[PDB]
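With one protein chain held back, the other chains of the complex are shown just where they sit.
Here the chain labels run A, B and C in written order, and each chain numbers its own residues starting at 1.
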Amino acid sequence: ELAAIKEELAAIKXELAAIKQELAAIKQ
Amino acid sequence: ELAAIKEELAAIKXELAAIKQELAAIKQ
Amino acid sequence: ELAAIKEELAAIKXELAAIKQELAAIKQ
Partner (left out) sequence: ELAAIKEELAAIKXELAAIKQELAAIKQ
């Protein structure tokens, strides 16, 4: 169960990093 | 409990994926 | 630790709901 939680957390970071790129590319 | 946390994280992940795609649609 | 984890989750739901409220206003 713990490994499956860390997998979900890793994918959330990916989404967060991708959302940050969209915000950093709208701003400029 | 860990399995329930996993499901909630998976829903948060899908939440961020929809948020990311909407920002892409707004910007384009 | 388990109760504090659920506290952090509930706060994530709040931010997610506020983010979608910002997205709906930007989309419109």
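To be clear about the criterion, a contact is a pair of C-beta atoms (placed from the backbone, for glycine too) under 8 Å apart; a residue touches a chain by one contact, two chains touch by 3 or more.
Colleague: Can you list, in ascending order, the subunit A residues touching the missing chain?
Modeller: 2, 5-6, 9, 12-13, 16, 19-20, 23, 26-27
Colleague: For subunit C, which residues reach the chain that was dropped from this view?
Modeller: Considering the whole complex, subunit C reaches the absent chain at 1-2, 4-5, 8-9, 11-12, 15-16, 18-19, 22-23, 25-26.
The definition used in the following text is that only the chains that are shown with their structure count from here on.
Colleague: Averaged over CA atoms, how far is the centre of subunit A from the centre of subunit B? Could you give it in whole Å?
Modeller: Result: the chain centres lie 9 Å from each other.
Colleague: Once you find the CA centre of subunit A and the CA centre of subunit C, what distance in Å lies between them?
Modeller: Chain centroid spacing, subunit A to subunit C, equals 15 Å.
Colleague: Return the distance between the CA-based centres of subunit B and subunit C, expressed in whole Å.
Modeller: 11
Colleague: Could you list the positions in subunit C whose residues touch two or more of the other chains?
Modeller: Within subunit C, no residue contacts more than one other chain.
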